[PDB]
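Peer 1: Please take these sequences and the hints and turn them into a complete structure.
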Amino acid sequence: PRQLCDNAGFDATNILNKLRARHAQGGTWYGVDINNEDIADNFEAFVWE
Amino acid sequence: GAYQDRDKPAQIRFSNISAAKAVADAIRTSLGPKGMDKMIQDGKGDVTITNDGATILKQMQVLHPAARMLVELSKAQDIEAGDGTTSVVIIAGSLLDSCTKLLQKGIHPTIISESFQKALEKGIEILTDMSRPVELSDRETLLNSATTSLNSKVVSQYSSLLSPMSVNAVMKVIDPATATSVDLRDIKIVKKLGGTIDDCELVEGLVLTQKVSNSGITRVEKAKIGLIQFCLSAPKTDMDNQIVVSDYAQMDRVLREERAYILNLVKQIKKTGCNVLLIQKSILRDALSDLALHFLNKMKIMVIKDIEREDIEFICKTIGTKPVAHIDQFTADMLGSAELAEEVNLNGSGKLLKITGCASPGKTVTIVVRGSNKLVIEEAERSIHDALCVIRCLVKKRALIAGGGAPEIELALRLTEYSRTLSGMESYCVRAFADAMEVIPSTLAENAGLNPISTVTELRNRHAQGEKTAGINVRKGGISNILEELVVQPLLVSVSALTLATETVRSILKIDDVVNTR
Amino acid sequence: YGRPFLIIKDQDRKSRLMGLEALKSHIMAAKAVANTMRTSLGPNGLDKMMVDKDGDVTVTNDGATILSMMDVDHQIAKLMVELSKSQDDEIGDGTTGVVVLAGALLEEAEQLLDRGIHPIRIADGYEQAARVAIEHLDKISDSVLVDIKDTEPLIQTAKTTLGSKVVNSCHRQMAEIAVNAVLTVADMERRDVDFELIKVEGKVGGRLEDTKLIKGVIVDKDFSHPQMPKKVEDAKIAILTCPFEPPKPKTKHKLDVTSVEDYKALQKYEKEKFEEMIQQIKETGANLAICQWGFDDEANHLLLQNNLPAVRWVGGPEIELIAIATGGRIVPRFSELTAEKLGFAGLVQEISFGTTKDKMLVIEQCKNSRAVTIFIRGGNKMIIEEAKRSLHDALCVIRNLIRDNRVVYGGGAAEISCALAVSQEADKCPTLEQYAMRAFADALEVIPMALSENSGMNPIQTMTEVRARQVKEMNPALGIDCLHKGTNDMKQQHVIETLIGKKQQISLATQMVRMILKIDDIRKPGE
Amino acid sequence: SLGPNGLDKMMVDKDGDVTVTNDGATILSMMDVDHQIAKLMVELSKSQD
Amino acid sequence: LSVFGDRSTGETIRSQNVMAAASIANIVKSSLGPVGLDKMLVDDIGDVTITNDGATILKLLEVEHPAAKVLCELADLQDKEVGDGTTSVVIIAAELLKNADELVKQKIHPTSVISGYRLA
Amino acid sequence: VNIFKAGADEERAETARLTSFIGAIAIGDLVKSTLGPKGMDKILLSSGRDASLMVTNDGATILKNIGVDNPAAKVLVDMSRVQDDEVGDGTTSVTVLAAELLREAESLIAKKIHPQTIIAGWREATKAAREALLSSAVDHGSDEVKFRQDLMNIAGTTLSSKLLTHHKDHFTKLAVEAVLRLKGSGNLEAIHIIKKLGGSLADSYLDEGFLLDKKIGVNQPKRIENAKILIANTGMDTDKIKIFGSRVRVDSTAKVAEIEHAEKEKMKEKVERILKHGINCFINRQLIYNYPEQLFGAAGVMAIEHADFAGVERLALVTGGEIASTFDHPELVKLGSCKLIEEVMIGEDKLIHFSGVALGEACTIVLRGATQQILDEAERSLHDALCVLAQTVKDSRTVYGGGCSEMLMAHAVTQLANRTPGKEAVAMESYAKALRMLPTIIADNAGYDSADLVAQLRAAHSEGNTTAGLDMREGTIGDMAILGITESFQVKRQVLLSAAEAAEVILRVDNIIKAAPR
Amino acid sequence: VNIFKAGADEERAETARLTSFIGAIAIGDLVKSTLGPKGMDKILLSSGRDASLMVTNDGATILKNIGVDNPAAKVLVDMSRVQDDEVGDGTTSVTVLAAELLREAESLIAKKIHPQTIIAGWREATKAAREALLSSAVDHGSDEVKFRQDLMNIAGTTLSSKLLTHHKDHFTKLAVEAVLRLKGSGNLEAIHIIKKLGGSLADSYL
Amino acid sequence: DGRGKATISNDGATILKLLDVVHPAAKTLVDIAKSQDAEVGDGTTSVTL
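Chains as they are written, first to last, in the UniProt record's numbering: chain Y, 446 to 494; chain P, 22 to 539; chain E, 12 to 538; chain F, 51 to 99; chain C, 5 to 124; chain A, 9 to 526; chain X, 9 to 214; chain R, 51 to 99.
Check each hint, because a few of them may be wrong.
Unchecked claim - Distance ranges between label pairs, derived from CB positions:
no., chain 1, residue 1, chain 2, residue 2, range
1, E, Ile530, A, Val352, 57 to 63 Å
2, Y, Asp451, C, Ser12, 17 to 23 Å
3, E, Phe206, Y, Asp486, 52 to 58 Å
Think of the hints as simulated: they come from the structure by calculation, not from any bench.
Note that CB positions come from ideal geometry on N, CA and C, so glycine has one too.
Peer 2: Written out as structure tokens, the structure is:
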């Protein structure tokens, strides 16, 4: 995620911190969303590998 | 219609513009509260650190002439303002970029220059309109201006202590009434290696980098100071002279009598009551003789050799003591007095002279600079000098502007609406001009790590009713009322920047071709 | 700890430029290409002259050729060269300005990067803008589908596309030439045409106006035997690939004559076989013959003896052009040759075209021929080659029109309206892609500017007036009066262009520059 | 170089200096000849002048 | 666009400075603490000089890269002020620089790091 | 057979002409860009001098700094140097006109007429042209109103080719006042041109008095009112000796000591002789020893040391003092008187201000601006302006420029071409076309339609509208007297005469001969 | 920034025109001497071929054997080659006329009119000139007397530029008889041209 | 390449193939790039990171 956000030109520290906090409890598939520039349930966003 | 036969002029113009823009972007990093300094290694083998643009460009050995004009521009701005050298050169770059745009935009450069003149007239009018008159007597606003200029170089490290340093120094050197342009050379700067930048100190007095010459006297109290120019040695005439020895008593008569002559010298010196001696360079001929040093140390007189001729005026201004160049004129009337004078010991053994407290308060003042790295010390003194310059600028015009690019976006907005009002291709010119001014906030956001375009656009939108008080804030990382964040720079800074840049861009547009010479 | 180490060999000389510096360098290079190309656009445009490595020269306006002959070294210059090649051999002219679009777009892209916009969003916005542009373009398209038999909408189109090449001297005539040729060789039931059926042929000499299409095939050989009659009225044609020689099975073979009578029989056979083949060709009812390969001189005479002129050493493609033009077949033996396979034509006549040089052969076939040739004449070898390339591009554009029968009036009005539509959408853009929109519009705005610049007019007064008119009125039929005629109605001026042309041009340029933005890092090995 | 209708010469000095003149003596003087009889003619003109 | 030399920016020069600092650190990393093992220098001509005091080593070691010269001068100053810790101060400087860069190597804005360091 | 040494050439009558004419035309078209009110300007850069470069518009400097090998080009360069020595601008004009003369003469050589006839015809046409020009002159004697009006017109005209054009009125006032201060003296050295960075070019100005770039002595009074001034060349720090070089041989150091003493009293009594004039301001070009200035401060008399011969001259002119020596007879030396002396600082340095001067003979212009290149070219431009304007004062006649006068010349020449009949008439028409080519080039660099403009102007002149000329702010024909686009008769006269001589000498060449360079 | 490989150039719109026009004018004035009934002729010598050399007056051969680097000059050379392929002489005329065209066009560029307008105007003038020329033609059909008279006139005219001028009448009879022998066949190969030393040029005959 | 043939790539494994590595340890990483390329696709980039 850090490289993703850096190539996205974001403050990946805010993204990472929110990521860890939300991802301790709130749902498995939260992760970086490029266009919304913050966390999203990418699984429902259909980012499927 | 008319046909343009040649294309060499246009191509050379383009080359110059590209060079200027490249130089601008090279400088672009070092700017603003988020500024990042550079380092240059001399081909000689010297190394320097710098964040100020003028020193950067002077260390540049630029090849392409256009950027050499840019360097000269920065030199002029520094000899006028002190910071904004970065700002003025970056404005130059953006202006020439829009000039390119206008060149493939087919408009002849002369019309561009005239429109630019109209643009700068509008801009100067707006800038004069927006400022806040501020009396020189208000210390805190002075302090805010200082810390505004300071927190852009490395010395932001101890900004909190360096700002009162500078402001107090200037207040002590100015006349707080005449509002003249009090000279900076009245401020003495001392590069003393070692120590900590925190340990930088003000000396309300006189400091000499030279070392004592008496072995035994280090501290003197209630000392009376006297500065003497005529040498203390065997009398050697301006024109060629020589003692002839042919006889018997000649030997001892000589020896005894140069002793007697030196004795008369020193005895009169004491009879005046002086206890601290100052002697200038006399490289042309004999300096202070050793025997006279023996007498003086015997009579317990503080003594110093090797005073530079350029320092004499500063010294006499500071300690209030006119020199003496002949025995007779040396009289207790002219002996200056100071509360204390002695040789401090720092650097482990790097020893320095201080003379604190003088009953005749000279308007001048000195600064002691400390720190570990030699390079960081040089950068610190540069920044302090810039602080003094900006304070002097504020003295020149008792007007104040909140910094943080807000004046510039104000300028962009007003000039854009002005261009919309004014018809003709000059309208296109002025629109380019405003888009050129748009750059500084963009750079501020970039070095702030914020989304530049979104921030700039939102800041314009705010500023549509969010007048110059509001602007880009670093500490909060967003847009707020900068004035309440206490980040303000004098009107003269950006005014001079705009004026100089405009004249240089007009001159550049006049250029068409470069001819190699012999 | 601190010590140098080898990562990539030649580590000293493997240079590298990365990030924004690299991008700006690339944009500089692309802009240099754009400036080199700008002057070649428009009827008022000026063309280039190239110097071959081997010291040969070439004057041309076709941007594809311009970049092809170029010896570039910086990579993205190569990318633009390949760009132009692809665009041309897909469409035709337009390469007159495709790289121009590329360069202006990349320039304005750099304008955006200076404001720190990340390139990827720029690429995405440019793609959106391109889609909008093409959909507005084909909304405002005119069509020639509803046209009557397409005689001179096609003629007008050729007239347009030839306004850029020096062959414009009699370009009316060459317009009729191109349209007649393609209409003859078109397969309307398929919507294609193979240019192999088109025989481009330029022989130096004479005027330029002398250039003439020949409903037939022209062959670079004279008659096999000089004494044969120069003209033939009938055109009973025979097409043969077996050389007029005693047959030799190409398996490694050779006879073993032993006796007196053996050799005598072989000697008899030698002339008997020639007599046999002569009788065969005569009884076939043919009048004229063509052979792929050389002759034995003896059969050459005997053929002369029976009033059957023929041609020797004819290259393949020319041969099959003969066959299709005459409706004949290619026969591999004398024995299987019959009258039905014989080719027919109206008139065949050798031409001593050159005043002092060897001759040519023309077949003025008179029935329908799915093949045709163009014969180009003029005073310069270079002008000959330029005519070749120009006419080839004209044929390409008419072919494209066959592929799609809807066009747009040229003169820049099209992309002008495209830019206006883009600007209109830019208000419902929202965020940062908005700058991408207005960016792409302003960049696209270049072509009218370049046209006017080559027109010597003040470019921007003209283009502003154009925008004002095309806004106040709804006609997307107002470009730039390139040839100084007081009407900006290029529809009346007939300055027209295929939808496919501009559409492919803009989409291709969008993808190309999208990749150009897509790159950041370069590692050049030192030469 | 002879005659009122005549045309004069312009010489280039070794040190890059220039000189325009019609006086044949100067013409030969400034000349850097090497073939001997050229020198003899130069001295001829100098003497005559 | 400067003759007679190129320039390096951003990540490259940051990593270069850290690389030099780590080099200088490893030069003396083995001479500190009650088990420190001393250094010695074959000069160029045999006049060797055994020493474990770091500042002496740095002074007698020729240096060309700028930041390394900065560290050397720091060591000299420290010696002028304490006498030991040239055992230590160079290491401290290099390690702090290393980790500070490691923060910056990600994105982190340098001036924030500087303020944090001042507070520290 | 080989005749010269190796490295020597022989080009005869084809290649010689070809090379000469290529060089001449190259020189011409090299500088054509700089001429015209909308003209351009050049960049010249040193080979290696730390890139000593001069943005320049005055053609004379351009030819001075360019190294040329083709001898004819070098002849032209010297021509321009001389012409600049005479009038300042038109170096541009002279070179370009000569170049077109040569090009068109080459065209005639293509017509294959013998060059001698060309020379004769050109001489005749030049005579006719100069006569017609003289017939077109306008004097202005006692008519001070019209005089000064035309004077500022001359300033505005000649100035409007350098970068200062966008401030034509300002520097016009500057030059007008400056030269009017000269009271007819042609010594431009009475005008000092000080240049220092900072501030806009508009900030450049003329003081009411005089300025000096020197350092005050030790603390003599900084400001002086009702100052009495005395000037001398008697060196002080070079202690006055008796040049032959007598020795001093003495038996005892008592004697050398008293000799030192006597030296000091001798200096002191010279100082007292100085003071007996009762003069509070004293200066000298020589360096002054600090013991003398100590004596001066004892008298409280301010003294400025080491102001060179130029400064001494300017002070004498502005203040009326008679620069002196030995001070032996005070009644026989006329002192200098000024209202007030004070120290002002400009930009960075404290300067010596001389307000309220008895004599307006001298003056000095402050040059504020942007670039050492900008300032340098402004300096050069003002120097040229002052040159031409002084020439105007010496010869109070004017000529209507804007190409108009030159087209009158061409018209008269063409008229004489008919009375010629012969081959010379061809060269006559040649000369006329070459002359007319100048305003063509002007309007060309002005971006207007040259072809129609020149034809219309010739039509007007052949009609007789001797006043009709060219407008450069709209590109049309107009009344020059209304617009005052005029210039000194002597300028154009030198232009024509020098150009004709240049054409004569160049065409007379028909062989170049280079000795081998050393 | 460098774009091409080393050893590649880029001359744009000033130096390109300058070099092209210098080459064209050099080519022109290189051959002007050979034209005219009192014209001159050239010597061309091989670099090394045992000094294979050809005294020549026909400009086409002159341009054929000269090696030229300026591309425009090479274009002109090919032009002359083609024209010789068409008529034989006037290669002289064609090259010289083109050269003066270019020189005078350069003079116009000095007047600073856009080249496109130059091209259009020249096209118009060329059309007018060709039309006027066509109006000035004179036919000679069945009038065998006047025909043959004009034929020998043509021979005398074109011949009077090479060295054979001082024998114009003789070679005139030669060529007249030779071509009249062709019975209208344009195949010059029917005319063999044998050359062998000895005897005066007057001794040459049919 | 040294042959002058350009080659752009986004798949990291292709790039590493082009970057002919001399240092030994990195050859292992590039080999991992080949392995992942033959196995599953993008993220060869991610693999190396």
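Peer 1: Would you mind marking each hint as holding or not holding in the structure?
Peer 2: The hints, checked one at a time:
Between E:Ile530 and A:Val352 the beta carbons are some 59 Å apart, a value that agrees with the proposed interval 57 to 63 Å. Distance hint check for Y:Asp451 and C:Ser12: the Cβ-Cβ separation is about 20 Å, which falls inside the suggested range of 17 to 23 Å. The hinted range of 52 to 58 Å is satisfied by E:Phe206 and Y:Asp486, whose Cβ atoms lie roughly 56 Å apart.
Consistency note: the structure conflicts with none of the earlier hints.
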